[PDB]
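Novice: Residue strings, one per chain:
There are 2 protein chains.
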Amino acid sequence: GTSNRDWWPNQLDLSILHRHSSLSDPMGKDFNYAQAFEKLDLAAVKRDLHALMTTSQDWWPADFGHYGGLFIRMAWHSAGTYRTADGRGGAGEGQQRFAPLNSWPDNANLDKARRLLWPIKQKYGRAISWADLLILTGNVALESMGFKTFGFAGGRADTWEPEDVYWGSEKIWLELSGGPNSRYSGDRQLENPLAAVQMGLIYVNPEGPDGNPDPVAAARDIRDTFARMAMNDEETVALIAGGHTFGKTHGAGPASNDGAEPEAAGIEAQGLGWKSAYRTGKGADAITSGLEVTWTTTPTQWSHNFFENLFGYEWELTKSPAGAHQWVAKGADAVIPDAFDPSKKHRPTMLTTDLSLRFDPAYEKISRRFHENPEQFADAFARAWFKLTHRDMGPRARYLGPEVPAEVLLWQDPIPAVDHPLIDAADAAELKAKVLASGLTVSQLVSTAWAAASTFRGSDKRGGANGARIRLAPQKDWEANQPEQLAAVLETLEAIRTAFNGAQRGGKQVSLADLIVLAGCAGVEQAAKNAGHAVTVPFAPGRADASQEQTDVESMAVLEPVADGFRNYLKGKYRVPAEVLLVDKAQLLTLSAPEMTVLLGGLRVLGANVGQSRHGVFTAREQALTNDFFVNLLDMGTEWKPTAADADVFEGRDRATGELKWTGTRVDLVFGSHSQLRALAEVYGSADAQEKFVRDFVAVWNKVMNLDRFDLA
Amino acid sequence: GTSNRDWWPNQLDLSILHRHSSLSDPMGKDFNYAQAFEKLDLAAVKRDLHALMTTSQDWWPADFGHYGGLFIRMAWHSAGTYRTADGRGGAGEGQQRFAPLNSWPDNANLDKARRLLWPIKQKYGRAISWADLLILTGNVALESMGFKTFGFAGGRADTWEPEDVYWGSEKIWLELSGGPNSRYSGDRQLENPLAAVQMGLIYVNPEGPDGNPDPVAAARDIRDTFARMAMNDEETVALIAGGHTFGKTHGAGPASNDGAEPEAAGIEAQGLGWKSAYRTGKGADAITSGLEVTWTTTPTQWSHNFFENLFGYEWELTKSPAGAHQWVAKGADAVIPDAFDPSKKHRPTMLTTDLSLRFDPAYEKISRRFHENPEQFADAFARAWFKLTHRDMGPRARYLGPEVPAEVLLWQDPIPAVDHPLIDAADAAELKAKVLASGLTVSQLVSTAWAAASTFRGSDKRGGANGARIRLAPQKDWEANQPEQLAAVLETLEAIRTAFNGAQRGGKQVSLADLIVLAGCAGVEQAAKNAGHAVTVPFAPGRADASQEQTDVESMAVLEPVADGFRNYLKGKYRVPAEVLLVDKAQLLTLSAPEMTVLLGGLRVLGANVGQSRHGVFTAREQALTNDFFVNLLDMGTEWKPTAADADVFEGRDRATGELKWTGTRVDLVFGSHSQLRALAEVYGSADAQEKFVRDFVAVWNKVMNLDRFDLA
Ligand code: HEM
Ligand code: HEM
Ligand SMILES: [Cl-]
Ligand code: NA
Ligand code: NA
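Sequence lines, in order, name chains A and B.
When the letters of the first sequence are read in order and numbered with PDB author numbering, they come out as residues 36 to 748.
When the letters of the second sequence are read in order and numbered with PDB author numbering, they come out as residues 36 to 748.
Only chain A is shown next, with the shape it has when bound in the complex:
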């Protein structure tokens, strides 16, 4: 059946903005997962999970009698897709049960693990999400085997369809680098926003880079991919060694024995894949990756035997039964247990990527410290496992249940508690009046608040106006934020704040985070007044100010907007057309196409553009909140042509006279070109739309201001 994407494969795709509708959701419109989870008996779930660890099912028998290693793998893969570049992937939406992740080669046989969990999911129903249960299962596995975890938070609501994520451009699973759609260039530079070395892998190739079994060069890929998932060298060593303290790999014969991945399998498979023709197809004959490695002498118990072995033996290169490269300790006795036959024992083995922890000189220092001090290893691994499995859950205000760790970690971008009465409606009105009397303009007010709020991304729920981090390094110096103009605005707002707070009795005080947002509200209200309309923009106090010491500057770097179409801003020149980058930003801001449309057309005429650019400012009444952007953009009396200077900037000229009326970028003009976006712009550009434009603008403005306000959930 030929489709629009076939005829026009380079057109912009807006359906990414309308995923997750109420249509696709089986839960009623008022279902609140946090309410449901809060009443779950978590300890009962964990008791059922403990029992499951050693209750083997004949259709996928448990290695060593214990599913713990499988389930730790399952949870590491659930969380391991996460990229810090855009916040996409991670465990927070339970996407491992959807395409494509459910059928990634690195997720082979995790379909069995998820099926083992169905009886418990079924038992507890809507009170525990699949997303939460994958992580919780991993924790219970660790606990069951003697490892004390750092805690657990619930609150990952289930999703009901695949997320739209760029995982690469390769059309072949697992394609080696350097092909026609290579994700590498230069000196092994991986393209942003990717965080894995090959299509369908979680991070790296266990045999080594593109299959070359060189531990030293494998360590380079490890470090780069793990960094791209927000983990440093200590956390990386802890996580790899910690995970490999348990269970085994599966390669009992040749890989090709496996059948079709779950999305390609027959209907009779009922959602399972990789059906194997090798012997029984399962248990002792299981084939997953094609490697056949067991790391420790007690694969079902926490130990310090991974580093005892790694350092205690010299390693030689060998091949698994499927022909994959792996390593063996030949001088060793057969001390490692067999998964099914009590009369069989085996020599220690390792992956190339395990040896990376000993043969990369930076990793070796850490590994040795963890070898000599296994309590330090246990603590680092507990903290890194928590971070891994929670990194995309957002502000601590979202964490549910009885096991949440009380320690506040720097990576959580923490927000201090508020311990004082908040401003009321009358106070908010008094502050808006003071802000407007200071001389700050509508442009200044709206630009500042947009810059503070518009760092949010819904992918990992980082960013937003809470914290007043716009005043701190590095946000205060980001070029998008216009640092000298920003410094002048903040100085004036901070004097307003000091004055207001100094006049209060009884503990009442306003944060700078709240004031920056309220001041943006006052700018919007004044722009509405400039256009002849009285509106009240909603405002919800309770944001707090974070310190520079509570702000990891390096981790903040990924939130810098290098393209923000809402401010007509492009930091440099990109491969991807600017309109594509607009829709990507809209998705991260959780906007629909209509909301993206209204918001951009208001921002244009409010003076939100970086540098006071005239591009897209299609109004003779700037700083008034009107629908002039749309009226002017859609006027057929104006003809548009790309400039000689720059093919991405366009001149709009009177069609009859040739007089220059306007200039725009691709972000501006796409609203007059793309057939769906132009249909939207026509609604807002109609004669009957002045009231709707203003109302819908204020609503989306408010939505953006509140994106991180999980304290008000």
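Among the hints, a few may not be true.
Copies of the same chain look alike in the list, so a pair counts if it fits in one copy or across any two.
[Claimed, not checked] Listed next, the in silico DSS-like pairs over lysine-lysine satisfying Cα-Cα at most 27 Å (straight line):
1. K696 x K317
2. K158 x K564
3. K74 x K158
4. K64 x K727
None of these hints come from the bench; they were simulated from the model.
Go by the hints and put chain B with the ligands onto chain A.
Specialist: Coordinates of chain B with the ligands only, in the frame set by chain A:
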């Protein structure tokens, strides 16, 4: 950017069920287009449209000074995509402004017509939809040029994204037959559900079949495509000759002069396409189809000149300036006006497809009759133009405004007015009790009501339980309806009705249409009681019974379900897998994926299957309303394999014992396989979901029973 469609190009696509969400819609959730239109001043709009007809714009100068012909073509193409096979296409959603229809070759330069209407759309805003306006404009054109129309109804609400329609499998615009994805086979048999001869054409090729200029063979294509758009020979001749009484074609030089169609054009084109390098690119130099034909001596006025010319001259095959085949009148004087130069005149010309109306023996009889009796032609063309432009609008209850024709036409599938008091709540309870006392089973009651209601399709709003057409030819004889079982149920219900109605005072009476639905309600209530739940099913009276004479049996044939997954029914063997046909049916019923899921799992256990098949009946308590289908389908204790006798029927056996537990079809098992549908089934199959399943079932049951109830809208 690789997507799920790329990796698994044959997987089932559910996003067709969640189009048209509140996400994509710019209007607020309570916007009611009918209310808005009802307050439009239609007379004012029509005066602005009359004015526009001769207000020539320089960027697309009007032929002969009058845009009428252009706008009649525009309207005829808006309506001309309609297929009776599935009800998809047509003018009722204004889809001409979206991909792909906005860029179909046959819609070349209709992007200019639509842009000429922007100032009017903008003026009236939300009170007139683009969908209604394209039709209205056509009507005004006709009127402006002297032709009295039969009427106009408003009420086509706009849509905000492309509809999902199978338009063919060809990967090349306009590909001639017999290619790798040929839409023809056999003795020029066009594949259902298609109604055009080439990809990107409305009906037929104006040069003749696959470009061969044979009027007699062209007539065959005309007759077949037009029949597939619900028009007979009389209506076809009246429409073709009526339309070609006006305007002209455009082929002033070679076609290749045209540039990119609108979805491929640069951003600076602002939504327009087919930019021509030939001379001025417009007006006297316009190039649309590549044909250069003007049919009459007065192309801006209604006349009788089309038939005068067609019969009055002998025709010679010639070539347009672009090399297309067309016809010129032998030995004629230059009597046809030039569109721009008052000093130039032209000989009469015709398309191959115009000559079809003279050289096909059936058409020639009609054409001669219209030639000899031009009042008969005028009336037929008015009626056929109304039908063309209204055929997908649904029941007359949807028609808005002051120009709706009072005459009821057979093609509208008319429903008689109700002229008596309706049954109230006490009466409905009394009738449900009598239904249940008669001995009618849950299975009978539910199957009958599903058969009556489930004929509805939202594409053209035909079908549904209003009318009691299930008792009439041909519905009563459809295989899916189980004709012998159906006749026994209707006999019993009709004695109930006669008795009830006989006992009433006043004019109170119940229709059989209402009773069939009320009886289904009672069976659902009894099934809930059988399961231990106390459930009342909503019911809305007011359906009326249509007569056999108000029911065109041939036009009804396209509503026969040849595939109905909800009854586990497939009439024959088809190319498209049964799960695909399930989702297609869901879409026509306007169901989301969750509603499709709940409804099928309930229907299975209520005994709605055709022939009392056990396929998918995964319960030990048939005729009780429970969530057993889901619980049992998701039980990993059961293993599924395709049968030896039939690869599309499956046996589910105990994994441990081998005992046969169930049998299922692909429609059944897809809910256990497809990753998104299995996610849905898991919600309904959970321990906490029995009450949610019952509730959700009753809601969707009721939605289906009310799909045609535009009298209640
Ligand atoms: C360089 C990074 C890593 C590499 C290349 C990697 C590689 C692999 C491979 C190839 C397998 C075998 C799959 C099979 O054949 O069954 C596996 C198993 C496993 N991995 Fe990793 N691993 C990495 C990091 C992690 C981390 C961070 C964790 C958890 C903290 C994890 C925990 C496990 C567990 C528990 C198993 C055993 C599965 C079972 O017993 O069924 N690994 N690893
Ligand atoms: C066999 C069916 C038909 C064929 C093959 C056909 C073909 C065409 C073509 C090739 C043109 C020229 C487009 C251009 O170059 O500008 C056109 C024009 C037009 N057709 Fe048809 N036509 C059909 C039916 C209809 C019907 C059913 C109507 C209306 C009831 C219609 C009304 C018009 C009008 C008014 C024009 C004039 C456009 C103008 O003046 O700009 N035609 N037709
Ligand atoms: Cl994601
Ligand atoms: Na994420
Ligand atoms: Na339709």
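Novice: If the cutoff is 27 Å on CA atoms, where do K64 and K727 land: within, between, both or neither? Let me know, please.
Specialist: both (25 Å within a copy, 13 Å between copies)
Novice: Between the shortest in-copy and the shortest cross-copy C-alpha distance, which are at most 27 Å for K74 and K158: within, between, both, or neither?
Specialist: within (14 Å within a copy, 55 Å between copies)
Novice: Is it within a copy, between copies, both, or neither that the alpha carbon of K696 lies no farther than 27 Å from that of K317?
Specialist: Between copies, since 24 Å is at most 27 Å while 71 Å is not.
Novice: Measure nothing new, just compare the shortest in-copy and cross-copy C-alpha distances for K158 and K564 to 27 Å and report within, between, both or neither.
Specialist: For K158 and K564, only the inter-copy Cα distance (25 Å) is at most 27 Å; the intra-copy one is 57 Å.
In terms of the numbered hints stated before, the structure departs from none.
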